[PDB]
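Please arrange chains B, C, D and E with the ligands on chain A, whose structure you already have, making use of the hints.
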Amino acid sequence: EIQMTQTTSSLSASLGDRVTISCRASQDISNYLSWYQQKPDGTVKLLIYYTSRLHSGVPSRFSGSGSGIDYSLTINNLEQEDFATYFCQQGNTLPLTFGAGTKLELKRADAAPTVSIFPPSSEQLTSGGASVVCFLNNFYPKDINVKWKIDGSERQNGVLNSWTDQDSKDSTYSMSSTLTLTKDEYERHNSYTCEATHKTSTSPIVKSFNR
Amino acid sequence: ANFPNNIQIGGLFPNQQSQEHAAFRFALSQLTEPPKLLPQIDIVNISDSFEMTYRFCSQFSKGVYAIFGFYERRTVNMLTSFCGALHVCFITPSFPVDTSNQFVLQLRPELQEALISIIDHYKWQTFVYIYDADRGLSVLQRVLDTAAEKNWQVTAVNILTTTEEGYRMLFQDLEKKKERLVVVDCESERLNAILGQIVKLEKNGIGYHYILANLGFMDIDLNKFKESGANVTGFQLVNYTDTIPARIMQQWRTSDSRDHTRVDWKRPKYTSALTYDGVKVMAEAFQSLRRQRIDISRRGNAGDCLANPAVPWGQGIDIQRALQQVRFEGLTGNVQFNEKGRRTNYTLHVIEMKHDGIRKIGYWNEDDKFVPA
Amino acid sequence: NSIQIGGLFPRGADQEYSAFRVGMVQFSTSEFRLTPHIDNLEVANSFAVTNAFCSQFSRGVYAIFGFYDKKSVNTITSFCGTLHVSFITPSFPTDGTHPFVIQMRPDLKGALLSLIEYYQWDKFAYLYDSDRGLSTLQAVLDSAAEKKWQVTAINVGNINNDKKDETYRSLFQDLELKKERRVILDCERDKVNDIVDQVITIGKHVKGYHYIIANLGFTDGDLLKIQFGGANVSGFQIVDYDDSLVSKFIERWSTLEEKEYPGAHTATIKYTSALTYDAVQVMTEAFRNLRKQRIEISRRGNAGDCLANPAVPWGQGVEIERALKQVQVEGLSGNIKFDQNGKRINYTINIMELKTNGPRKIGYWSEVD
Amino acid sequence: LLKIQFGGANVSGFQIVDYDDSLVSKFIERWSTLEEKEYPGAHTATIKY
Amino acid sequence: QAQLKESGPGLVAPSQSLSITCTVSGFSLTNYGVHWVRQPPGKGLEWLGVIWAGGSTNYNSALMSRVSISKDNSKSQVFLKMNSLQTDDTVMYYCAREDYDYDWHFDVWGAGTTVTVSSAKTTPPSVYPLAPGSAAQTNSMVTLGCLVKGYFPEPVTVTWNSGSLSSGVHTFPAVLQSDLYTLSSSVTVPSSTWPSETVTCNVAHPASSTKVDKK
Ligand SMILES: *[C@@H]1O[C@H](CO)[C@@H](O[C@@H]2O[C@H](CO)[C@@H](O)[C@H](O)[C@H]2NC(C)=O)[C@H](O)[C@H]1NC(C)=O
Ligand SMILES: *[C@@H]1O[C@H](CO)[C@@H](O[C@@H]2O[C@H](CO)[C@@H](O)[C@H](O)[C@H]2NC(C)=O)[C@H](O)[C@H]1NC(C)=O
Ligand SMILES: *[C@@H]1O[C@H](CO)[C@@H](O[C@@H]2O[C@H](CO)[C@@H](O)[C@H](O)[C@H]2NC(C)=O)[C@H](O)[C@H]1NC(C)=O
Ligand SMILES: *[C@@H]1O[C@H](CO)[C@@H](O)[C@H](O)[C@H]1NC(C)=O
Ligand SMILES: *[C@@H]1O[C@H](CO)[C@@H](O)[C@H](O)[C@H]1NC(C)=O
Ligand SMILES: *[C@@H]1O[C@H](CO)[C@@H](O)[C@H](O)[C@H]1NC(C)=O
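Protein chains in written order, with this note's numbering: chain A, 1 to 211; chain B, 212 to 584; chain C, 585 to 953; chain D, 954 to 1002; chain E, 1003 to 1217.
What the hints contain is simulated information worked out from the structure, not anything from laboratory work. Among these hints, one or two may not hold up.
Claimed, not checked - Pairs of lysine-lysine residues, derived as DSS-like cross-links and limited to a Cα-Cα distance of at most 25 Å, are as follows:
1) C:747 x B:387
2) C:832 x E:1073
3) B:389 x C:876
4) C:747 x D:956
5) C:809 x B:361
6) D:956 x C:809
7) A:39 x E:1216
8) A:183 x A:39
9) E:1216 x A:103
10) C:921 x C:693
11) D:956 x C:748
12) E:1007 x A:103
13) B:551 x C:747
14) C:775 x B:387
15) C:693 x B:389
16) B:361 x C:921
17) E:1216 x A:183
18) B:551 x C:748
19) C:732 x B:334
What the hints assert, rightly or not - Label pairs and their in silico Cβ distance ranges:
20) B:251 x C:898: 29 to 35 Å
21) C:744 x B:536: 23 to 29 Å
22) C:836 x E:1170: 51 to 57 Å
23) C:773 x B:550: 33 to 39 Å
What the hints assert, rightly or not - Chain D is nowhere near these chain C residues, computed Cβ spacing over 12 Å in every case:
24) 614
25) 635
26) 678
27) 788
28) 835
29) 839
30) 919
31) 929
32) 946
Built from N, CA and C at the ideal position, the CB exists for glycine as well.
Same shape as in the complex, but just chain A:
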């Protein structure tokens, strides 16, 4: 069927910048597309209808344009309430396929990731497991890499990474890495290290812990 797509997956912008969000289709949609905003809570509100008009209730800072298969939405000046995800939906032929959608992000200073390593608890070690934690908070941008080392040996099994969204106060990011192993596997090693690679420094910030 008709497949919609968007090249930009994550966009960065500041307060007051004219942000452009593009959208492409598999064929001619005859400008029968709508642009809708969805906040991080889950509430989805429509923003622009029929690719050129603005619905009653939306601000006049947004606008739309485009032709053929290429459409675009343009915001004149972003606000605090404009931090959401914009999605394009075409309704030419059933079944209607909606776009992938992009995620706008606030631009700030590229801060180094504050890394902190935590070993397993005594009750967890008595339970038979060991989950070494590595928390990297207050980082910018969201692009970062994590590496685990067990006495110098890099291990990729049992590592789980969980990222957080951009905070509404400092415009930063947080990430948590968990290395889960057995008790005999944790007792067989002495030093465990977690290395964080960011764009702020070419050398990865390492945090190690011995036994």
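Then chains B, C, D and E with the ligands, alone, in the frame of chain A:
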């Protein structure tokens, strides 16, 4: 290079071989002073608005500056709109409509007020107005307004929607009273068939008074009215023996004996005289544009007819003011346009015919409305 | 299946487009989905009509909905008869048998002649407007020539809005020369209100007079100002509010938000909006009959230019008109059935008269009866 | 009075401000030219009693 | 204004039924149509089906024999039934209204509820503390954490002292491992408040309704 010598003139014509073709070509043949008007004519049906629109857009894309043609009831308002949009002047000898604009130059003068003057001269109360379905909508309007004002009894009769037994029944209704007053308003090519229907029924002729609302009363085939009681009064535009019109007559007689021309003569038409006078209007307008040293440039690199939005050809107001200020004495008498593009400051003669009596009652104008003789 | 159609709505038609939206939401089906390309352009300027027509043809549509003025009836009929594209319209009926023109408004002249022959008149005035052609005027003149009537026919549309106070006074002073008691008003929803207001201003609505509002939307004008006067007023209605489907539509119509739908928070509805709401149902039923007959007419948006020479037709559109003549449904105008030309047959028009408590139906009118 | 002028019923009444006087005309010539925002109910050709 | 919210069971077994109840408000569902659409994690949002205001209903071409729709216009609610659920049905579901503004547009949509289709059993979580280890006051703000491991199904509500501590709270999302939920919550308190003030994390698992307090 203030003005090119070849000015493209688009043309719209309903037929292939008629008298108006030869009149138009002879009117372009007299052009010796620059610029020369190059004709680009199109033989098109004048009832289908698709073909009229396509020929209009083709002549506009080819690069003409003024279009001379004809129209019909199915094209009264479309050619007014396409000319009010692109600011392109259109000159026509066809039937004048009520609502128009400054870009439609209607060569044929108005007729309804002279009809009101003739009926006020004879002081009628009850009469039958037979109207053409193709043009009798603006004259019938003013006649019914005057009838409502002056307490008349008009019986309006259509031509197209009424069958021949309908004609039988309406004249059977007419033959029940003393005086029989009939005004007929239709074109002469229809009026020939209508009078051919009538002359098999007006064999008595006593009490039959007719007014044929037409500028071509001498062009009407009156040979069917021999030994008839028809007391017909009509209107005349062209006096073919008046000095400047008979000079034009002698000129096209001398052109009809030296080289060759198209389709023949001895039965004239007032539409051909309007064609000649309109081409003389266009010639005097381009000569006035030449002697005022106003250039007419072009950007016609296959110019689009339909766009969004409209692109007004900004030079058209100069051609419109040049065509508006044309004033002469041509084959239809005085030629002069008003501020709207209609005929004013002219003269229409009134001729009564009864028992081979070609009598002139008087004439009609606008300031001194109607005078007898 | 995605069916693309075109739309030509005039600038200022809010209630018609609102009823069009109500019809688009109400008459959606599973077999297909309409996609109208709406153009809000002028209706009298034929250049804009030709532009909107060629823009709808450039998108490659199967049908075109929209109004047409009396100055643009020939442009629509010629452009739709050459390219063989069906045109659905709630405007006035044409004079002739034009193919590919399906019309929603029924005839009015036959019902008016039946109403005059019921009231047994012999001398009256006919104040008309020249914005829907001159068909009714020619009909009443051809019937007055046969039935020996005294018709004082006067046009009123040529009077400007800047000096329409002394001209109307001179008009109704000229209408007292023959002591006229009977006036037929043939005007649209705007000029009827102005003529009624000038009649009330000059004081000609006492008992002894008689008026006929010659339209289909008799209750679309204001009737509260000529209700307590004493002059009885007749007229013609196409939307019977006593029906169950009409009542169920009004119960969902008057509760609509005025900001969301312009001109919708009223107890009544104009006749053009009801014919639009029925025409959406007619087009949906015809496309559903094509979905049920297994006829594939599918193409793309490559129909080309509207000014092709020679403009070759596509034959699958010839079935589409033959589709539309097969529609026989029940809508707000009652029964909807068509002829081979495109006119409406087997319909019902209520003859309304205005009483003290309000309007009241005294009978119905059809064409077989 | 524009709504019961073209009716036909003959209407009489009493007026205290004669607009044909010189002082009344000189007051109306300074009255109708007043700003409506500066003076409410002043931009009329007549005046209440 | 117009609002809508979808609700469901949260966790369901494989090849079972799934009834989603969507409550909308601010308008009337007797004159507009309804559409139901799903949203998978990391994939594109796909339309599931629609039902008209008159009574007609259609679905998508992939799973038309698995989706059904009904409506209650008195309570302005929509009931979407989905049977034959597979293991890839751990996604969100939302409902919306339809309108015509020269294009078929989805005017007011819903928040959407998450559904995880799995045959795993429900169990209470396990709360473990996470301190910095060393008591070296490097700054005035010290961070603590609570790890909720071994929960079924997602999600749980993790708060700090029944919502009294809200300064620097960084709750991270949960992950799945061996059909077990693992979540971590982080708080940032002052250096002088700890251990002078009791910081207790409360975890409420609504799948088993287990309330665990960890001081
Ligand atoms: C010019 O075009 C018009 C418009 O189609 C033609 O007039 C129609 O001809 C058909 C012939 O079957 C008649 O049935 C219609 O009644 C005519 N009138 C209309 C549609 O208004 C006309 O014949 C064409 N003339 C030429 C010379 O091609
Ligand atoms: C109106 O009609 C007259 C008819 O006599 C036209 O003829 C002009 O008449 C005036 C004075 O009689 C002459 O000076 C002109 O030379 C005549 N010809 C032209 C071409 O103007 C004339 O069209 C009109 N007269 C006026 C004064 O406008
Ligand atoms: C309604 O208007 C008509 C036209 O003026 C009138 O109808 C007359 O009513 C009387 C009483 O029933 C009849 O005897 C006449 O035959 C009617 N027709 C005429 C005079 O043409 C009357 O003025 C109004 N009222 C009614 C009740 O008809
Ligand atoms: C022609 O009509 C006029 C006007 O009615 C009349 O005076 C005249 O006598 C008629 N002609 C003849 C020859 O009777
Ligand atoms: C019309 O021509 C005739 C023939 O020469 C002439 O006697 C008559 O005076 C002319 N009339 C006018 C008004 O020129
Ligand atoms: C008119 O429609 C009604 C309603 O179905 C039907 O019963 C009747 O037979 C129809 N009459 C004609 C002449 O088609």
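The hints, checked one at a time:
no.	hint	verdict
1	C:747 x B:387	45 Å, violated
2	C:832 x E:1073	19 Å, holds
3	B:389 x C:876	69 Å, violated
4	C:747 x D:956	17 Å, holds
5	C:809 x B:361	33 Å, violated
6	D:956 x C:809	14 Å, holds
7	A:39 x E:1216	33 Å, violated
8	A:183 x A:39	43 Å, violated
9	E:1216 x A:103	37 Å, violated
10	C:921 x C:693	19 Å, holds
11	D:956 x C:748	15 Å, holds
12	E:1007 x A:103	23 Å, holds
13	B:551 x C:747	21 Å, holds
14	C:775 x B:387	41 Å, violated
15	C:693 x B:389	33 Å, violated
16	B:361 x C:921	46 Å, violated
17	E:1216 x A:183	23 Å, holds
18	B:551 x C:748	23 Å, holds
19	C:732 x B:334	22 Å, holds
20	B:251 x C:898: 29 to 35 Å	32 Å, holds
21	C:744 x B:536: 23 to 29 Å	28 Å, holds
22	C:836 x E:1170: 51 to 57 Å	54 Å, holds
23	C:773 x B:550: 33 to 39 Å	35 Å, holds
24	614	59 Å, holds
25	635	45 Å, holds
26	678	40 Å, holds
27	788	10 Å, violated
28	835	38 Å, holds
29	839	36 Å, holds
30	919	45 Å, holds
31	929	46 Å, holds
32	946	31 Å, holds
Consistency note: the structure conflicts with the earlier hints numbered 1, 3, 5, 7, 8, 9, 14, 15, 16, 27.
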